[PDB]
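Following the hints, position chain B with the ligands against chain A.
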Amino acid sequence: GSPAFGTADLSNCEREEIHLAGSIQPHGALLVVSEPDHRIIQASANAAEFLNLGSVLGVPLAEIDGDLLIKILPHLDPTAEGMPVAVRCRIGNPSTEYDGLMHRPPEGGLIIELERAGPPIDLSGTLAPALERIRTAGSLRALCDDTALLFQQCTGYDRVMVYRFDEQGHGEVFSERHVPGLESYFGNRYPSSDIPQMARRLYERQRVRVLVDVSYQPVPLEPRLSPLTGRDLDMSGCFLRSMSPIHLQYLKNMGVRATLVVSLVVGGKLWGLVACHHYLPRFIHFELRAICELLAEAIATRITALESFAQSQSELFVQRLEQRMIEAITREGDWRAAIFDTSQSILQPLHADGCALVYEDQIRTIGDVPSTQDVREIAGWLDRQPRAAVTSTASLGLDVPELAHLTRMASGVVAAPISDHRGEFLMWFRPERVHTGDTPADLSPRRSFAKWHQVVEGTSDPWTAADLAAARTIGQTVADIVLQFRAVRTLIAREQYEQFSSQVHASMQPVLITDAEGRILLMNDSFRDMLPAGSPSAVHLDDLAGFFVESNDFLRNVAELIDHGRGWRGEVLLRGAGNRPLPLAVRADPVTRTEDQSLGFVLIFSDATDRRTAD
Amino acid sequence: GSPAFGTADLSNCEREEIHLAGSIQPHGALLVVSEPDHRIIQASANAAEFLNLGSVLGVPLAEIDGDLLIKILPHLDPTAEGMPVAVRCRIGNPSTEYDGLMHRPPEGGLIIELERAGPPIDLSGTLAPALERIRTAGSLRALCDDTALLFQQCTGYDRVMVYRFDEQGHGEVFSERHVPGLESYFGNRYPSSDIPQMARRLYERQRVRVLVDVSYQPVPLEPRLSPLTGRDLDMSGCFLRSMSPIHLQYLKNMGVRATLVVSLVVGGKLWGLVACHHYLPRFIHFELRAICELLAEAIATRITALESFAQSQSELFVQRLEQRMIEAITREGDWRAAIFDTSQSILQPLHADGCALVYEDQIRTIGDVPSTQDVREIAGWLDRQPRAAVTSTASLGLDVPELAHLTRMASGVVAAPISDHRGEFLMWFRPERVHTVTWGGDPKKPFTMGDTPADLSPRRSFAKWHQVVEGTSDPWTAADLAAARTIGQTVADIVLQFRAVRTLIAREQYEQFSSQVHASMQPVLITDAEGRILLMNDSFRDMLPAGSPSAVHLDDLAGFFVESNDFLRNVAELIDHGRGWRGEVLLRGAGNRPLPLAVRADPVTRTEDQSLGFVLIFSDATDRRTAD
Ligand SMILES: */C=C/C1=C(C)C(=O)N/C1=C\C1=NC(=C\c2[nH]c(/C=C3/NC(=O)C(C=C)=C3C)c(C)c2CCC(=O)O)/C(CCC(=O)O)=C1C
Ligand SMILES: */C=C/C1=C(C)C(=O)N/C1=C\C1=NC(=C\c2[nH]c(/C=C3/NC(=O)C(C=C)=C3C)c(C)c2CCC(=O)O)/C(CCC(=O)O)=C1C
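Protein chains in written order, with the working numbering: chain A, 1 to 615; chain B, 1 to 628.
No lab work stands behind these hints, which were simulated from the structure alone.
Among the clues, some could well be false.
As the list claims (entries may be wrong) - Partner residues are not named here, just some residues of chain B that face chain A (Cβ under 10 Å, in silico):
(1) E17
(2) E81
(3) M83
(4) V87
(5) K444
(6) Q489
(7) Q497
(8) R499
Backbone N, C-alpha and C define an ideal beta-carbon position, used for all residues, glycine too.
Next up, chain A with everything else stripped away, as it sits in the complex:
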């Protein structure tokens, strides 16, 4: 079901049991020693020759001329914190030093790996100053560039590259140093699947991975199976683990002969590698390996710092945006002038290329954006089914295929609403990121770069959880201040209605203000009181028809006003007693809403006594 270790082609190389290769590389020996017994129950086949011993398989370390058992025994104790642990020990008829690495796999026993010791170290600082250059690295690029130059120096490898992984798992050759006379892969990219997950877990677990020679003949582990009725020993943590041929082939295809890959984990997750490649075999001494791990933890630390600092910039942004909306505007009344840069680009916190804002059926944009009709259709998508509070896609085209056409400038969009309205939000865009089965023999970096391109088809850079979080706090700041702003503006409008309104009420003349359909909204006293005081109660300009010399001249004039929107200027009589009482002047006018439908009408009278002059 899952390919045996050195037995898989590309249709299944992802699932390779790379942890259960029953063999090792020949620059060290491997011993698996039993619990209590402390009796070699399983050993690499080069053990005797390599360690200059005779009988090994089935011999307690108590024997094995030397000093191994005594040099490892402190670490098998309640006292210590377990292992992995490295020892320095002597082994032989006459004796030789070795650097031992022992760790316990889940069942199996102790695995002890031995390599031949190297000369001393001194340097001496080298660590101190390099290490503070990591700390001072002004920026992710300045850092990496320096990590690469720095490792190139520390380990004389022909080339070193630091890769960065994206949320997708795809790699990018983020920096690179290489001696003259070689290709340069600086800038390359490669599919997430070029480094299978199981590998990656190991890259997290043990932070250094050495291939001394691409053509090594793997020395098989002996009594292959575990005799503690286990089976294929779990080499998850064996420094001397054989490598998958798939990768071995890759490396031959590149011309590379040796490898040293020290991983970078940042926030407990695997951020990328520092891959040192040599075009002649090569081997770094355990001590120099220790140094490397330190750099990887130092480098990482800065990487975490630099992230944090970015979060700093963003936090500040939203702050200065909130302050900017309250101040800059809303005191100059309304808040949109703050949204756009002029100086503080709302683009940076998402590292987007354009931004659009749709509010009260109006769009304004900054940067590379699609087209108002396009921006509308996206708006449609977001609205057609709830959810909310920040939404994204890095492949709009392939997420809703009718929209595809807008892939060159908005493969990726992030949209955060600013009110519970619908059709009201802030949305950011990114271009198609692409502006920057076979067999085991066909693999290469140019074959990997293309293919990366095949995947990543209609996609933008993905939205980093950092990005999305910025989208959340901005949209959330914006809405909060926009909602307080709308509540307050209601209150002011209330005060402005009341008032204005009173002024009409204070008029000695009769006025009636009505709405577009003709129903009375306001009727001051002056008017009310002239209706021979004593019922009925008018809801519509029609209802008033009777109080004026009966007249369907009022209806009809009112008709003109309601239907047709044209006002009038004439007189009306008004009924009461002897010689049909006093006549008032009237003058109704519409108040425009848009142009085709009105808002309402105001009919003020009045000049009781026939006097504009007249004529």
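Coordinates of chain B with the ligands only, in the frame set by chain A:
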């Protein structure tokens, strides 16, 4: 008492009986005859030697001796009321031709003033090309100036002055034209007291007045009292009637020695005179008087035309104002725009030097005007009691002494309300009228009481003009108060509609804003300053329990909120002091204090020390919390 003719001094000559002189000027003779029999019952004592006769008193007119009777008969048919009328005749021993003037006073019989015709009777290129210039005249200034040159030219007289009279009846030498060697009177002014009412009637009535020689000895009427009244003869309409020595002693003091004074009557009222003075005695023949009369009537017309037209422009100004205000800002904002400059002056319609708008409590001026506090002060003064459509004074101190100090700029004020609020007016000002002229008509060297007719004069009358007229502005005329009313009335009507529209607009700009706040999924209340609840969205109402004791005022809303009546201590600290907050809170319900909500209470500000209201915009679980 009213001093019988030639016995007046400065104290009582405003009533001198000048229509009852008892005299005649020598240049003619006057005969009073009886009806229907025609006998000379009265005659100026020169009647005899003047007319070449032996006797006149007592004798009938047929016996006379010179076609006079014949020459009058066609004018006495009581069908054709010809009178007054001019006749031509011969009379006496050697026959001399006389120009007669007939007329019939209500009292004693029928007057016949004859004077000695002495002319060719000339052609008249003099009339028709004059009337041209007159119907032509563009402005009052042009008409008057020309009328002056024109008289100066027909009559040879040394000085023509057209005088205008203002509403007080004060005189202005509104235009003048004279001769090398003369003091210029041009801008001068004078009291109404200078030319007394009775004397104003004599001019309104009899339209030409002549004095041939100021020294001249009066001729008495014999018997003097009219034999059919026992009283005096109403000489009100006698071309030879003598002249108060008051006004004589004046001309005397000016160096003038003759006068010809044709009257300008507009719309049945004396608008001014055309005064023709001269510095040696003058005679002027009848036909030339006849020309002057015709000239006066032509001008009187023009003058009516001119006002008629000024008026029509006043009207148009107002019609443009209406629109200048309509477009004029309503379609670009407000309206006040139009009232203000806009190179169409709100000052001109009232020949005012300043204007002031006070509205909605703010005040804006233009033109010469008093301080802004002062204007509030005037507006206060205006607001003491109900006024009536337009209000005015031309004497602000004097009428309202509390405001004496405003005299300079606003000795005159006119104001028309533009709403029914009070405090809302449009008002125009005019200065103490002393500050016009600026001709040294009153340096500082008194004076006062007069006196002695030996003191009379221009200097002195110009000065007397200042003494009267002191806390005074040129009067508001009927056109001025005409203007005010219209302008105001229009300003008002546009203001009131405008006010009824923002009320509608302003309403929709609220439903809509409330609907939005409604729209929000978060609970939120907007309250007034005294804590009453105005808005409470369904996203709030729906977090309250079943029965829901409706609700008014925040305080009685801490019933929910796990008592924590520090909600109340918070609400009051917010209302009483105006202190919003940002704490937490915990709502109750099903079943035991499970729903905690964030609250943000914020004051909205009226005044800048008192507050319009509050927004308790809560509102959320704790899914916002808080770093990132
Ligand atoms: C199906 C399995 C694999 C395919 C196909 C493949 O390409 N690699 C596969 C498995 C493993 N890869 C391992 C290490 C590894 N692979 C890459 C891929 C690259 N592609 C590129 O274009 C470039 C540079 C231009 C690289 C480096 C890299 C970078 C690495 C890391 C080691 C190195 O950089 O040399 C791997 C692990 C072997 C081990 O156990 O050490 C497996 C398995
Ligand atoms: C109280 C009696 C009078 C006082 C005092 C007085 O000043 N005038 C009085 C009476 C009459 N005036 C008559 C004619 C007349 N009076 C004036 C006034 C003037 N004031 C001026 O300041 C100037 C010049 C600067 C004048 C002329 C005027 C203007 C006139 C017009 C006639 C003219 O200009 O000659 C009058 C009757 C005259 C008559 O009997 O025909 C009386 C009486």
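These are the hints, each one checked on the structure:
1. For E17 (chain B), the interface hint is violated, the least distance from its beta-carbon to any beta-carbon of chain A being 47 Å, above 10 Å.
2. About 38 Å separates the beta-carbon of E81 (chain B) from the nearest beta-carbon of chain A, more than 10 Å, and the hint is not met.
3. Look at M83 (chain B): its Cβ only gets to about 42 Å from chain A, farther than 10 Å, so that hint breaks.
4. Among the interface hints, the one on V87 (chain B) is violated; its C-beta lies about 49 Å from the nearest C-beta in chain A, farther than the 10 Å criterion.
5. With a cut of 10 Å, the hint placing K444 (chain B) at the interface with chain A is violated, because the nearest CB-to-CB distance is about 50 Å.
6. The restraint placing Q489 (chain B) at the interface with chain A holds, with a minimum CB-CB distance near 9 Å, inside the 10 Å limit.
7. Given the 10 Å rule on beta carbons, the hint for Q497 (chain B) holds: about 6 Å separates it from the nearest Cβ of chain A.
8. Because the smallest distance between the Cβ of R499 (chain B) and any Cβ of chain A comes to about 5 Å, under 10 Å, the interface hint for this residue holds.
The structure fails to meet hints 1, 2, 3, 4, 5 from the earlier list, while all remaining hints are met.
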